[PDB]
Every structure is written in structure tokens, then in C-alpha cells.
Amino acid sequence: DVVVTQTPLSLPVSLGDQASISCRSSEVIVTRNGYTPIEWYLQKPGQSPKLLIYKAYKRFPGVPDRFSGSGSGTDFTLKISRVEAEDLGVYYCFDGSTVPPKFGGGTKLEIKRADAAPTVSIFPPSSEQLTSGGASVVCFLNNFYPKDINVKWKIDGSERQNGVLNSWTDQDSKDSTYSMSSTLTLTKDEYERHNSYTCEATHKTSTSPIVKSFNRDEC
Amino acid sequence: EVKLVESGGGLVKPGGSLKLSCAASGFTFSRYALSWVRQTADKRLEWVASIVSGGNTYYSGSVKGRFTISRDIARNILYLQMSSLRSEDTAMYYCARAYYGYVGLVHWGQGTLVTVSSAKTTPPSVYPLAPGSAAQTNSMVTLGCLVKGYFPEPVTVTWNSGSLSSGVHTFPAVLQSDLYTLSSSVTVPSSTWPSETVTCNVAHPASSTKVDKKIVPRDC
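Line by line, the protein sequences are chains L and H.
Okay, so the first sequence: first residue is 1 according to the deposited numbering, each after it adds one.
Okay, so the second sequence: first residue is 1 according to the deposited numbering, each after it adds one.
Just so you know, the hints here were simulated from the structure itself, not pulled from any lab data.
By construction, the Cβ of each residue, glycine as well, lies at the ideal position given by its N, Cα and C atoms.
You may find that some hints are simply not true.
Said to hold, decoys possible - Reference listing, derived: stretches of chain H covered by chain L, where coverage requires no fewer than 3 residues with Cβ under 8 Å from a Cβ of chain L:
no., segment
1, 10 to 24
2, 68 to 79
3, 125 to 131
4, 182 to 193
So that you can see chain H by itself, here it is in the shape it has in the complex:
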């Protein structure tokens, strides 16, 4: 099977440099055209660069002279050296192989995140969102976690380590004052909480954070 895995993404200040890697397996590396394509917040895709089996390289004008695509046929690795980084370069970077010749883009990797900013890496604050009592008498109860003030993206949220999949809504983060904030709600039967434990698990790899927050009722 054909596999491509990007790596090297991270936080970098404007004007800085960063070199991305794309490890390949499952195919004769040398025989194909390889490309880097990026996706920004607006979910827009932007072809960035490619290198063909013959050695020729191609770049988009918004990147030419700053980004250098290269490969090491020996080690089955594709690279993308970035320099003079700009705020607008922030995005998810994927590498993809031609289907054949220089036709198509297939087996895209999961991509690596590159963030260009002067903001510092800061962990999130996790706060419980519990019902303001209200007798309920209702079949379902909704709980949640407010993850505030972190940087940069992303943050993952699970409930009871994944045990609670249904009734889960994790909202996209919003950037306010160069700080991100998002929320997640979960809905379980009234017979599940507070009798059983409900905990949201927040992760922020950038700060090596992995936090658990138990939702307890607001005593009355």
C-alpha cells in the first residue's frame, strides 16, 4: 500500500525558517511526481510546489524563491524548506503523489500544521459547564467544557476517554486577542449523571498538555 506521512510542522515567527518532511513507503519513490499542497482556515486549497521524476521543480508565485522543494531518492523522503515565512503561510501542509506521470494527486498524507506568528505558546484553561440545577425531570442532561486562552491550534477534547461518543459536539475554536477559545458539550441521560462520572479530556500537544476535568453538579 502507498503511504505518505508529513512531519516538521510547528510554530515559527515571521521571517523564520522551517523544513517539512514527507516520508514515503509502498512504491518506487523515484518514479513519481510529488507535490505539496496547503489548506488555510477558509478551507481553501492552494497548490504550492512539485518535483517530477526527471528532477525539474515547479512553484506557485506566492512561494517561489522562498520555499524549496527537494527529495532524497535514496531515503524515500520529500522535503519542503521554508524561508522568509509570512503570516499568510500559516496552514495545514500535505504532500501527495501523482497517480501516474504528472497526472492527479493521490494518497495525501494527514498533513502537518505550520503556524506563523509572534504569539507565544500558552496552555488552555479548562472550565466545567454544569446545569444551573433546575429540577430537570427531563430525559436528557447536557454538560460541557470551556477550553479558554490557548495558542496555537489545535486542541482535542474527548469525554470519558472516548467512551461517550454520542451526543457530543465540539465547536471550532475562535481566535480572540491572539488567543483561542472553544467549547464542547455532551448530552447523556439523566440516569447517567451525576450517578456516574463524566469527565472531559482536553489535549494541547503544543504545550504538552493533557488535562481532565470532572463535571460535578452545582450544589444547592
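Bound conformation, chain L alone:
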């Protein structure tokens, strides 16, 4: 059986720079002149995967000449001469030397951009939701870079490290930034036993956290 290990999982690169993605099959492929079943695919955000390279080095029509494949034995790598914003997406290699063919785990190509602090906005539960007996406090941290960010909640001053879920958008297609949502969920009862709710976030762009909060005692 063959197992294809693709690296890295995420590849950050500046526009204009070179990018290199590696795939290693657990089985050495044969052929220095007799065809090589190594293919490369790219799946753009929200789209279906598409063929870039086949036979290890041939470019499918439509694929920019910036892309090129190379390899020998167990190692194969896809290369981009100089990255364009258009290359954002997930790239996958494919080893078709045996049945069944195997795909590499995929490499997320991330476009580097200047650092940016998030725009934080907190939101109390809708009156409609309280009527139904539920209480979710939502917090948005939008348009920041890099992706890693710290989000700590505080209720009347006490950190709340439970009941808080997260979700992150993929790299923005317009500005290359990342966005994140954090949702603290509770029952109407639980929610009403306190008045002070805080969404605190510390991002690498500043040592001092960005605090955004509200008190039930207001609108």
C-alpha cells in the first residue's frame, strides 16, 4: 500500500516570492523515461479541485507557466516561480502508480500581508432569543493578520473558559486578512445572574489587549 505525506500543512509566502510544496510517497516510483503518474491539483476557495500538473511535469492547458513540477524516486515537489494572489488555495499531490491512487494531505498556501489588528464588536442576546429561553453572547474579531489570536471571556470579572466556541473564516479574497467569531452560549436564567460581559482579545500586533464589553443594565 502507498501513503503520500505532503508538507507543509500550511505554507505562508509573500507575493512575488517562490513557493515549494513537497510530497513523499512511501514507495519509490520507477521511470526516468517511461511516464510518471504524479499529479498536482489546486482547489480555490469555494471551488472544485482542478488539475495543474500531470505526468509529474506537464502543465494542463490554462495553468500559468509560473507553476512547475519536478521529482524523482519518492520525492516530488510543485513549484511557483513567483506567487500571485491568484494562487491562494489548497494544493494536493496525487500518486497514481497503484490502485487505489492516493492524494497527499494537502497544503494550504497562505498569502503573507502586513500585520493588522482585529476590529472587535460584542453583541448581547437578541430579545427574540431570550423569549425562546436561550442566551448567546456573540463576539466578532474581524480583518486581522496573522491568523493566531487570543480570546478570553470574562463575566463580572471572572474568566469564562467553557461554553465558548470558535470559528474562523479562510483568508480573505480581497485583503488577505482573517476573521473570527466567538460565541458564548447560556440559558436565560444563567445569563441573567450576571450583568457584566467581556470579550478580551490579545493579538501579536499589540501587547495591550482589546477589550469590548457590555452590561445588561443598558440597551
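With chain L fixed as given, assemble chain H onto it according to the hints.
Leaving out everything else, chain H in the frame of chain L:
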């Protein structure tokens, strides 16, 4: 032009069966190898099966004996009969044609969604996310909609029927207690809302749901 459209996806309970279809056009159907490839949540791609011009079929071991790939050269249709479905079979299924011979996979269809679970189909609850007043005096204002408790995926969200494209962030759903919840935020100039109407449009085809929710300020 070469075209391939998958169909037949839906919710199915473990142990059940479902047959997927892949309608083709724009090429001599009989001449090419056709394959089904699936993609799971972890965004991982998994080759599932293929059938070549000569009639031979091939399957991945995790699917052999359960899934049956077949084609009707007469009606230009490719199929994938699934049986003894397992939770791990949940994924987006695409069909793709060989570029030539049995080389490459091109013109992938948009794919059809298959969800294997015992959970029932339930609509989402839509809640408005409005500013807790706060004078603002700021150039931009951020609004949003919390879409809670639905199943199965997916749910689409638009604002003002698509009129508001910029400043939109729709977050990926999270599965909690076999129920999905996601959110969407939109950011417009303070001179746009509340003077003009801002409505999020939520869709949940599974439950034939199409709901509109107007964001109104929290009176003070």
C-alpha cells in the same frame, strides 16, 4: 465544452443506501475513464472509484463491496450506488473525467453532499445581532445574524439579497450536540443603517427554508 453535474446527495441513516448520478455533456462519453472522488470536513480528498472505457472498474479498499460504480453509455450518465453506509462516508462527492486515457482528473463537477447520520432534519433559528447602542460616532457599524440549531449542512447567508457584498464575513458552522450553528457579520457605514434596511437572508435547502431577518436597532 465538457460538463459534469452530480446529483442524488442527501441525508441517509447508517446502514442505508443512496445512488448518486453524474450527468455528462460536451464529449464522447464512452471514450473516457470516469471517477468519483470525495472530500471530507478535514478538507481531505479521497479517491473512491473509477470505470474505464473498456468496462473494468476499480475501488478503494474502504469502499469496495459497498459502493458500486457504473455507467450507461446510452444516456451519458455515471452512477455510484452506495450501500451499507457508514458515518465516515459523509462527505462531498464529485465525479471527474480522465484528461485522456486514464491520465488526470478534469472538469470536476460541483459535487453532491452526502450526510450519513441518525439525526433528523431540523430548520435553523435566525436571530439578529445589533449594536448595544453605544453612540458610535464611528464611521462604520457592524451587524450580524446568528443562525442556530439546524441539521444537516449546509446553510447560505446573504445580505439585502446580495446587494451587500463588501464587509461580509460568514463563518463556518460548528457542530454542537448534533446541531449546527454559525454566524455572519456585515459592516456598513453608519450613514447606511438604520436609515436604510439591512436584512440577512438565510437559506436551508434541506428543510426548504428561506428566511429573512431585518436588523433593527435596540431602542434605548
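**Asked** What are the numbers of the hints that this structure violates, sorted from low to high?
**Response** Structure breaks hints 1, 2.
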